[PDB]
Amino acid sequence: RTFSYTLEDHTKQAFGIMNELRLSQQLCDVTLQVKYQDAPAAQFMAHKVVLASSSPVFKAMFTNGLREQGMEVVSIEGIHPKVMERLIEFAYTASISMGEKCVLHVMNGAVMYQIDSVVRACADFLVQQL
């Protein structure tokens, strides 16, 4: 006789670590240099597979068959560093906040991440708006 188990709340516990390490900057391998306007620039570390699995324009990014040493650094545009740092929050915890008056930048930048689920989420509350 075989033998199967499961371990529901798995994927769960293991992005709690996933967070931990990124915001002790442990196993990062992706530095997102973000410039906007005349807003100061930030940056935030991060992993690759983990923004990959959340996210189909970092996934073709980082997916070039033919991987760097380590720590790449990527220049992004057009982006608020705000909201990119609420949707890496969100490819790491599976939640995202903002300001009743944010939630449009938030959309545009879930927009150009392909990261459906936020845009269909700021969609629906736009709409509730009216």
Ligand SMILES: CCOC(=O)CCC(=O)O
Given for the second form:
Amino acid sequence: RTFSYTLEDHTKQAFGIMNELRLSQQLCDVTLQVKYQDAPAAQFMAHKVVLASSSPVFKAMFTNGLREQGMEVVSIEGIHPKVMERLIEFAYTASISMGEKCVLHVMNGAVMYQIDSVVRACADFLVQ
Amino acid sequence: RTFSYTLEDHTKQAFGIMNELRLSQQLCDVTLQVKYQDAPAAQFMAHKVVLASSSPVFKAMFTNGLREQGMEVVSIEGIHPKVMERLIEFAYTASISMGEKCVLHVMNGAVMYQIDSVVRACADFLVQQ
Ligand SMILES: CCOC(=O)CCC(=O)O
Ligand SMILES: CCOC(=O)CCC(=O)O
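The form solved in complex with 4-ethoxy-4-oxobutanoic acid, contrasted with the form solved without 4-ethoxy-4-oxobutanoic acid above:
Every component of the complex follows; first up is the chain already shown.
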């Protein structure tokens, strides 16, 4: 015979533990340093493979050229720290929540990293 | 006003991409050397984050002390490569499949790494016969 099993919500469970390690700042290999004009400088630790799984730009960024081993600090301009936070939070939880006055900004940052999922979601809200 | 959104199958999508990165050996930070008895040696590269998310044992051994961040080679003992390769494939696909005269072996390695999900499924197959 042959025996097969599939834990249905495993990915949801496994991703929740991935977010835990991200808040616990454990097993991280990248540090996003965001700098926007007239904005406090931010700093976001994350896992390269997790961001690469949610954005083709993060994936192409971390798999091309000479990459730092252990911990790679990546400088980032053109996106506000608050927007870079919601993007990471979506990648780690598959959920994104902002105010009415920031959907356009989040949508723009979503396009900058080709997170197509929250691009279309921001579109449905703006033109409701 | 507020806006909320939830990609329900996102976690399945991102895990599929993470399985590709494993099969392409890109961004991997651990290499598991599995030599069981006299079986032919085998190596499995993976991401410590993914393994820590599916196994509390892998999480404990990757998030304690000072690990040489870069590419850690870890020797695995007491488990057969065919079973190990399947536990890794479960961690990246959430699906496991093996033979009948075999459920005992992957249940042991699953118990060895505290993957309760597939431990109960194997136990519920031995009882049901
Ligand atoms: C330019 C900063 O404005 C924002 O986009 C704030 C982001 C947010 O509150 O979700
Ligand atoms: C000793 C290795 O045990 C196995 O993994 C058996 C594999 C199988 O029969 O499907």
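Residue numbers count along the first chain shown, from 1. The term rigid core refers to the maximal set of C-alpha atoms that superpose within 1.5 Å between the two forms.
Chemist: Where among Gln26, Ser95, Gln43, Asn64 does the Cα move by 2 Å or more between the two forms after the core is superposed?
Modeler: Shifted by 2 Å or more: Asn64 only.
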